[PDB]
Each structure stands twice: as structure tokens, then as C-alpha cells.
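Just one chain follows, in the form deposited without S-adenosyl-L-homocysteine (SAH), and it is written as C-alpha cells.
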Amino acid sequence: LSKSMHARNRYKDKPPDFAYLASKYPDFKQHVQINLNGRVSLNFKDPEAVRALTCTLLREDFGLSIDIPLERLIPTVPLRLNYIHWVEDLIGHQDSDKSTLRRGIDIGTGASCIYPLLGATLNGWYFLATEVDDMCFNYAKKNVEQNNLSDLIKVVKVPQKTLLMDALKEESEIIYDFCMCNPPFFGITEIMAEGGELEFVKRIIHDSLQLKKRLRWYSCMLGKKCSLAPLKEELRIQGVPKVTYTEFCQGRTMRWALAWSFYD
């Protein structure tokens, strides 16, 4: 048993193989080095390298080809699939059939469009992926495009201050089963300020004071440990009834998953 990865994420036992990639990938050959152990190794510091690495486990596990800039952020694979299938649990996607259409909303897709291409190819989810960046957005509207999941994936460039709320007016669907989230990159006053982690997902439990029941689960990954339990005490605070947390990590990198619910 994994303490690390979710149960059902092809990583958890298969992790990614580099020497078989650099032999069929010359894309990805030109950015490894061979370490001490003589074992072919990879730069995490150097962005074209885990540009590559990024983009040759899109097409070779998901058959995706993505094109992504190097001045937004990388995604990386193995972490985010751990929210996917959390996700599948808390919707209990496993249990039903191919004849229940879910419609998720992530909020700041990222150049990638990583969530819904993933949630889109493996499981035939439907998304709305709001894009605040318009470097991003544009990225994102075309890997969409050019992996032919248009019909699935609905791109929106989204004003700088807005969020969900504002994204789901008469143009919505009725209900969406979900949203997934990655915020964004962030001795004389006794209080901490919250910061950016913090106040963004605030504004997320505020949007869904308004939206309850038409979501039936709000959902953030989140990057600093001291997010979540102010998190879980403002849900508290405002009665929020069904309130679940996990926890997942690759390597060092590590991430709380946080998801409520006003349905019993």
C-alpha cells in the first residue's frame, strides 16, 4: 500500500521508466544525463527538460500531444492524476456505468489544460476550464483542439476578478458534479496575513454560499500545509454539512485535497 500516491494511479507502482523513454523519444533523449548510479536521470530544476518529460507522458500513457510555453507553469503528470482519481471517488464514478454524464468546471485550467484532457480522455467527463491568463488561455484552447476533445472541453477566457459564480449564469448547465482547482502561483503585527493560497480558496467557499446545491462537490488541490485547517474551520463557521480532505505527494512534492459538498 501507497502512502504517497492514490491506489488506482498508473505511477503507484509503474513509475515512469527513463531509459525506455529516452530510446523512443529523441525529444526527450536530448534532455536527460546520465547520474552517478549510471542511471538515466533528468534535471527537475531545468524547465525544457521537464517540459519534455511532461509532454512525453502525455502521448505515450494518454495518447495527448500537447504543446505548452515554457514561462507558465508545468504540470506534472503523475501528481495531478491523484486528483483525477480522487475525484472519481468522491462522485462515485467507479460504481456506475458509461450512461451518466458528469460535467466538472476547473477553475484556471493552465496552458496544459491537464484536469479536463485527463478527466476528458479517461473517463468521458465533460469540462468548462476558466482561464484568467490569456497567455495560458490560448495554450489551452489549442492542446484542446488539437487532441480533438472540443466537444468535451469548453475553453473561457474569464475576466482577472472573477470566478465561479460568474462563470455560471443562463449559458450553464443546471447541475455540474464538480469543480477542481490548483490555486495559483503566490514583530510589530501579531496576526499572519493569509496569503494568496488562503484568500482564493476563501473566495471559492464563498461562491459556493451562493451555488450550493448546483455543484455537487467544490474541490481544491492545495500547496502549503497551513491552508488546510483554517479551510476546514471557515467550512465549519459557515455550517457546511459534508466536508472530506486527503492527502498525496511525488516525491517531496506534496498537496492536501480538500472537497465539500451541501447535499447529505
Contents of the next structure:
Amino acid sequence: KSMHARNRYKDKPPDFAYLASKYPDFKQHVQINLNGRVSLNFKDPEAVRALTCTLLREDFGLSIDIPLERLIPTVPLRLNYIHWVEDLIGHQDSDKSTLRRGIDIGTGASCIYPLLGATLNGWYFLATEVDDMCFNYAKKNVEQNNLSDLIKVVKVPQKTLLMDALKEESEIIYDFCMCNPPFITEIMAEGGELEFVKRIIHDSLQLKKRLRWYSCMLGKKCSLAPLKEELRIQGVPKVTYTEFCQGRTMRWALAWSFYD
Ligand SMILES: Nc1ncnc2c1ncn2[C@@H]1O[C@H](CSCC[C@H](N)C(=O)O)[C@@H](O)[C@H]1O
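Output the form solved in complex with S-adenosyl-L-homocysteine (SAH) next; the form deposited without S-adenosyl-L-homocysteine (SAH) has already been displayed.
Every component of the complex follows; first up is the chain already shown.
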């Protein structure tokens, strides 16, 4: 399955030529290809950073500052997750009177899911990070876009996930959590992604209805089936999944709930 139908980049892909004409810091990172078209080297982190900062500024009015030494997100791909969560929670069929409350697990230096969700929909976020650099940058990025009344960035300890974040300080009910990557013997090892999502499932079995939906965007096709099986085993009553992509960058979205 392709881009989300409501993704703005579905039928308006980024125009490199337009962006080069308007943004001189972006222009210094593009070149002309064989076809005579403005292009970008997607293996150069400086160029990828410029594209991402430029798109956020152009299409969302967001100014962000991010390091070369931490993950640089790809904006069109992230929007698919935002629109999917919108579908999960019934966002299209409600109005502004309903405030929504999300958790972004491992928000990254860009704090991108909360910035997009707060900007587009006025959603609140608790945004967690274990990494010091990512935490600091995420926090500057929220503050420089004046979104700290909607987005609370928190450094959490290394070993913790959802439960340790949600105590007497917490909101009673959250609408969703979000999470994406990175995360002789016959038996294959679980690997990083499968282990990590299983920690989310484990916390969800304690929290139950304190969140309306648990979700995670998977980077590996092979994660999906064993995650579904673990959910079946545990009696989780409502499971849904789908797929999204931006060119070759593929994702498998999985969400579950303890509500009927
Ligand atoms: N248990 C945990 N709690 C919070 N953040 C975590 C975590 N384990 C890993 N992370 C963070 O998860 C991130 C990688 S996965 C999420 C990527 C993020 N949405 C982005 O766009 O950058 C890293 O920033 C890492 O520091």
C-alpha cells in the first residue's frame, strides 16, 4: 500500500527546482542530473537535513535545527503515520471541541511526530527520549516553534518505556501512542525491532484502557506476523494494521486496543 490518501505529498511531490529558487541554504545542496533536473544526493546527510528542514519550513511553518549525528526524518513518510492515527481515532468525524492526547515514544532530535500533529490538529503530546542530544534538540525545536503548551518533551531513564512515564503527573486517558524505527542454533533471534515492540505490548497489558490505541510503525516486514501472534496469545481484543511507503522506504503500521 502507497502514501496515505490525505498526505499532501501524494499528488504534490516536492519540487526541488522551486525549493532551490526560494531557499539558498537548500540550493547549495542540490545538483543537476542527466535529465537536466534538479536532484539531491540522498546519501549525503547534509543534503537530506537541508531537504527536511526546508520542507518543514515551506509546507508547515516550522523551523527546526537538528544534528548530522542523529536520525534525520523523511517528512512525506512521517505524514502517513499522522494521517493513519487520524483514521484510528475518528479525527475526521469529530470537531475542535475534542482535545486529543498522544505519546510519542523516542521522539528524536526533530520531535517530528509531535510537531506535525500539534501543528496540523492541535493535538497534545508527551514526547519521550532516552538520548541526551535528541532530548535537548527536541526540546529546543518545540520551544522555537512555540509549541510547549501542547508538547511536553521528557528525558526518561534508559530502561523505561510507557508505564514509568504515566504516573500521578499523567493525564487520565491518552488517545494513542506512536513509535517508529530504529530499534548451529536453529531458532532465529528476535532482533531489535521485535524485542522493542514487545516491550510496548507488555506495558499495554498493564495500562489497558488508559490509552485508546497503542501503535508502532515497523521497518521490517518480518516483525508483523509474530507481533500479531503475541497480541492473539495475550487476548488483545482489537488489532488493526496497514502499510505505507515513500518510494522504496517501506513501513508496516500496527495498532491495538483493549476497547470493544
Ligand atoms: N525506551 C525508550 N524510551 C524513549 N526513547 C527511546 C527508547 N529507546 C530508544 N529511544 C529513542 O528512540 C529513537 C529511535 S526510534 C524513533 C525515531 C524518532 N521518531 C525520530 O524521528 O527520530 C532514538 O532517538 C532513541 O534515543
